[PDB]
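Colleague: Now for the letters of each chain:
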Amino acid sequence: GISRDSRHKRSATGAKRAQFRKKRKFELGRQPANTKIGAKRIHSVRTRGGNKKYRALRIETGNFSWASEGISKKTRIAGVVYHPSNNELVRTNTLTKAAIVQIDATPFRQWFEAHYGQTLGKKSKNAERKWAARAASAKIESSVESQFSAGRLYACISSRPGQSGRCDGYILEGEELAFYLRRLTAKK
Amino acid sequence: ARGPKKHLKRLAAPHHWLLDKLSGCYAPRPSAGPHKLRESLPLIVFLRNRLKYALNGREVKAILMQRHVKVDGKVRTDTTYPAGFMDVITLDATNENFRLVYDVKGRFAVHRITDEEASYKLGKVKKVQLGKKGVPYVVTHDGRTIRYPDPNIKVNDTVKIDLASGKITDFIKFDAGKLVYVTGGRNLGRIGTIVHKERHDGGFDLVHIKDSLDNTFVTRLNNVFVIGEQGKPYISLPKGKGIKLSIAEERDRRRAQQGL
Amino acid sequence: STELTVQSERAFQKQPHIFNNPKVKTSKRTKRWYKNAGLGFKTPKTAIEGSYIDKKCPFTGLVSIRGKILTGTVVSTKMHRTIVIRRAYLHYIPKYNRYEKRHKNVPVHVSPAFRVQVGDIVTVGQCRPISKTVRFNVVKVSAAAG
Amino acid sequence: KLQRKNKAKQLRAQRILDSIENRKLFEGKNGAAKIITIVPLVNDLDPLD
RNA sequence: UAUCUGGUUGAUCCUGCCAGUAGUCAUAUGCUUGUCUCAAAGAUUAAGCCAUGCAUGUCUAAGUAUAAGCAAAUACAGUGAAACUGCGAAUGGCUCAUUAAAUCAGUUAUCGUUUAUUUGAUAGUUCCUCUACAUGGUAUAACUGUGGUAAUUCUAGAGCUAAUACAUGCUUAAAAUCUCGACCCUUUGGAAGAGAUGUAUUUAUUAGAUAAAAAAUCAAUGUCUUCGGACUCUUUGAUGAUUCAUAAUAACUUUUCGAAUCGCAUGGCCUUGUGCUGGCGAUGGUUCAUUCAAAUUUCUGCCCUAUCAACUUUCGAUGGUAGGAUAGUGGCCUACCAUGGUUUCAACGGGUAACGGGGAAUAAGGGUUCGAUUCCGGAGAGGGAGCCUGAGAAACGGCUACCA
RNA sequence: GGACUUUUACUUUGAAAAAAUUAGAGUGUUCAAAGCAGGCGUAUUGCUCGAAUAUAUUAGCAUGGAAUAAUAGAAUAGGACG
RNA sequence: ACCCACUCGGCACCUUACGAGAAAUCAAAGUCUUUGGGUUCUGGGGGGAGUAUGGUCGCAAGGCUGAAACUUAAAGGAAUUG
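Protein chains in written order, with PDB author numbering: chain SI, 2 to 123, 135 to 200; chain SE, 2 to 261; chain SL, 2 to 147; chain CC, 51 to 99.
FYI, nobody ran anything at the bench for these hints, they're computed from the structure.
Check the hints yourself; a few may be wrong.
Unchecked claim - Below are the BS3-like pairs computed for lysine-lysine, each with C-alpha atoms no more than 27 Å apart in a straight line:
id	chain 1	residue 1	chain 2	residue 2
1	SE	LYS133	SI	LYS54
2	SL	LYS79	SI	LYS17
3	SI	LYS98	SI	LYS142
4	CC	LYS74	SI	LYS23
5	SL	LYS46	SI	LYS10
6	SE	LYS22	SE	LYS75
7	SE	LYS6	SI	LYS23
8	CC	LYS51	SI	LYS23
9	SI	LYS17	SL	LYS56
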């Protein structure tokens, strides 16, 4: 099919390389899988050695991780909001690696009260020493606590959807989040 | 060519098999096993061309499928099993035990040993790492792996597995003086002591070796197989003790033999 | 090549799997990972307290220096963060018992820790093919005339 | 090279047509008759056997 | 192992080329042909065309036997067609058309990857805060009978039945540590009982230290002294080098593996029950290592041509960022942004009646010429392209399409 | 274990260097082209040698030498040593 | 200005062969079978042929670069003798 060989490309001196053998199989390439949003559709792909590569053709409910708090909760995905390589992948809502999307924030919001005790946006006395031991550390960054009030977070996929089937990632936080908000207000 | 090779044309064989260049156009080609095929010795070559027990190809097959040849304490049936260096193969029918060790010329030489020492075998440790679940393991020079070694064993040393259960007995370190067998290159089969290890960063460490007759030679570290302390080995050395007589003085060594 | 602003591209430029904690505040500012290339090569001062990223530098980056170590003179630097090295040698024609001069052009990668111009005898090392033609990476820089 | 390669093809293809058309006399199904004479040389030799 | 001689040359001397002479592991052809050892052979022109036959199939005690097969243990048990399953068919053999930094040679690299197989290690955790495990379920081939086609290694519908086929499915120690907490009794707080903790995948985070030594600080603040507060031996492997090996935490997964298989023997224990327990192997299985490989890769080297001086970027040309794709690096492809990259040290184009090399002939030395061909490497199976199966094939004694 | 440690060419020695082919050692294939065989005994359950060595001028790696041939350094001292 | 002596740099002349050449002759055509100071260009038997073809410069006349097929045993140069 597609080939990844460098023998079909012009040399470093501008020379044209004449073919010497047919296309091989240990140099093939397969057609890209633009991972959309909707019902779960996962296809297996048999690879060299007999392995498998799960092409995610349509994924949702990915696993997103809070980097500072060190938790991972399986949340929904609202859609793509920014893409650094191709602008048109935002327009068709195609999930790739390093694509900035919007995730459901209620599993992370629900985790906060059961672990820290405070409530963002607005009995069993063993639980309050758990709250008091973890007290004086429940202060988080100002932008992400404002995002919980809207109910929708910002996150970046750190997984390869077309190479593992899963659409994982982590939520933006800190200076990296400060970079991407500037991108959404000056370019989007 | 689309997959692994299965044949070996005679004249593409290792030269130290001493195969007759006529008499068929194919060579044994040892299958995959504990040794690389250019440093091994198949069971067909050993029992037909070297010991002259068998006479044909089907006759050496009848040797093995009778379950008579025990390589490293285990029975084998593949005629092209790569029996290699320091393999301690035994013949229960004749109560004779062999250790495949290099001659001074460089080719594999038959060396009859006792029933004692036919139960242990030296092996050069080639890589030590941590396995799964935190266990450390070493891998020797014939593909064997042993879990839980002594923590002082490093790369390029010698361990003494016995035959039946691994179980590394006392080991030999690497420093100045230790007796060294050479296992590759021009000095293949010579025995001497280390005098100097000039470490080179980037690759191919060189080792300076002086033998018992004060003839120094240099070799790469890959070819170095330490076998014990100065003048006290841990095995039975082959005939000639690895001295590498010159071509003139071998002839004078011959001349003392013919006649009476 | 020179000094630019860090986040100029369309994506955030950071060292992967290096995470600075926005909760705890330390006097040491930014988590910067760096290593040494080995082979008796000293890390430049600019690589340790720099601010660039350069995922292909042998220091502070995700590549390795293994294999051949070469030497030549810089003849061009017009590319973005890569240069071209001229290697000059003599070739022996056996019939005539004589030599003849030849040359070859090596495109290497230069980190933003070395300030490299023309001249500049440069020591490079083999570096895990990084773009189609560039298999080496600048390690040591020595001056031309001062 | 391609003009050289084509010309050798064109001269051989004309040659192989020449051999077939010259052999059009002897496709021995309808339009052919090869005339064969058995001439024994010895009186003690019958052409019938 | 080192010799020359004739044409020109008419009397002489030289430049000069031709002819003679000898070798050929160099081809043809003519004449002639007794003996022994040894042996190349449709390469050159047409990588042009193919009648016919053969060239890849395979069973041990150890996957499946109700052959209405043969021959002598009341489930079978000996030999054994057919067929299902597994494995092989990707090796060998042939040819040299293509191919001019390509192949190839020697030397490096994978801290940039895949690996059936052999060799060595490697699985007390599965359902569960009410259950088939002295063992779950279907389909079918072979076979029986009925048919179609002129024909083919064509097959349809109908009835049967097995697995190491396919699809499900469970036993097994105690301890430890974490979250959640019946809480109570009043604290410098400590507590019943609920869950979780294999492996594989994916993401995020942490540890993975170590140039020699002296105090004042507060916060988390612990065992003990004499509650003044004193305070220690503290665990860390390898490389030249790692975000390495490995481990820990939070989760994720159309949940990967964790034996429903087969042969040869009848051992031991008593509570003497068809109780318990147990030997020697065979085939499978996850991960790691190893071996046989493979894919890419570093430096240097190739014949003739200037009547080829500029070439490469339309249609990736050189670099950067990000993604996709791959077994994996990489303009390999895509989106954007730079304007580069090679060359008189011959780039680029053209020719090769060019596969490269080990090597062959020729001998005073250096050289000249040759290498289709017994070994190594590359490529192709009339021309192109596309792909299934599998560890491995862009396979042609495999398939599909187009052309001839 | 830290560092200053000019950059080369050249030449010696060595390592890693497929077999076959070439040179060559041993060996009465009846001699030889070859082949890697064989030889000696009480020829009654045997003994035993051998299957060497060299050549490869390029490129890469290691080391000895420092003539020959290049290269750099203190002239605004912005130079060295404590 | 002329004479004598020396010197540097020139255009040349005469004798000779220590040498060189096929010879005429040569202080360079020497220091070359006892063959290497540095470096550019050109030639490889005669006709076909400075022809054909392409490129280039020229207003043009032309110039520069420049083959092969085929055929041939010659093509020459130096000195004397009848």
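Colleague: Hints the structure violates: just list their numbers, smallest first.
Modeller: The structure breaks hints 3, 4, 5, 6 and 9; every other hint is satisfied.
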